[PDB]
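Just one chain follows, in the form deposited in one PDB entry, and it is written as structure tokens.
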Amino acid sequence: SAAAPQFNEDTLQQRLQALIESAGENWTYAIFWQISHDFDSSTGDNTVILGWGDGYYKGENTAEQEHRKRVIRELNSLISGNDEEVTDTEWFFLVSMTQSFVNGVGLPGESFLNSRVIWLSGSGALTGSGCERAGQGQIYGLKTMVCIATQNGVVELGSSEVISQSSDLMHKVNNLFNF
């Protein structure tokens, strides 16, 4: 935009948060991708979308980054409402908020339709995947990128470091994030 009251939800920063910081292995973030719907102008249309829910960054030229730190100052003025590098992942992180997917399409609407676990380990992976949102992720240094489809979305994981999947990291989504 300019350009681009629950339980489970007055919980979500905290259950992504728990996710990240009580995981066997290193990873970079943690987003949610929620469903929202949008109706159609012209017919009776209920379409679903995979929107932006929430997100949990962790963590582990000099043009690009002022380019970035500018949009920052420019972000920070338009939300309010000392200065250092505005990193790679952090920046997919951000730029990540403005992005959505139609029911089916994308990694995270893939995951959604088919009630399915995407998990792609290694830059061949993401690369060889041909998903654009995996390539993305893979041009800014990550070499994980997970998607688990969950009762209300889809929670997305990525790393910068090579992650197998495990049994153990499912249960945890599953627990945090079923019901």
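Residue numbers count along the first chain shown, from 1. We call the rigid core the largest set of C-alpha positions that still match within 1.5 Å between the two forms. Compared with the form deposited in another entry:
With the core held fixed between these two forms, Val102 has its Cα displaced by under 2 Å. After superposing the rigid core, the Cα of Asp45 is displaced by 2 Å or more between these two forms.
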Second form
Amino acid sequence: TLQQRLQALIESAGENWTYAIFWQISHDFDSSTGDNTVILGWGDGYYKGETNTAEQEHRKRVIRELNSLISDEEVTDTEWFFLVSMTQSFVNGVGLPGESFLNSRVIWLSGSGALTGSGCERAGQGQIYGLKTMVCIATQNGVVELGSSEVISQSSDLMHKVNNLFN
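Okay, that was the form deposited in one PDB entry. Show me the form deposited in another entry next.
A lone chain is what you will see next.
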């Protein structure tokens, strides 16, 4: 399923992508505007990879709580950015993922300049937490997002793979 195809995408990718996220469409009925508003949210994700005391104690606590649920290394900023991304949703058109979907286009921010210089808060935070490259690629039922601590430039070879692995 989705996680499998997310791992597939970056375990064959041309360059070194740190993670991959599928933002998934849904519809909630706002009775005020009468609009069946389209929203992007966490569908699935795959992290591949490569602070201070108050920070690391906070993160380690969260990790063992999830471990308690499912079932002590330090938590890198990229692992942590990946995880906190589960909390985020995007109304159609809004934010890096929502712009990509609404306009059916690829948005490629390459280099730390691009990320902070974009004015997208998600890209900015991404730079803060070690990312150098952020890409959103719209598919049929959502958006595939790739991130990397390295700097990667627009390969059609990537957009090729994504088109294949998703309808």
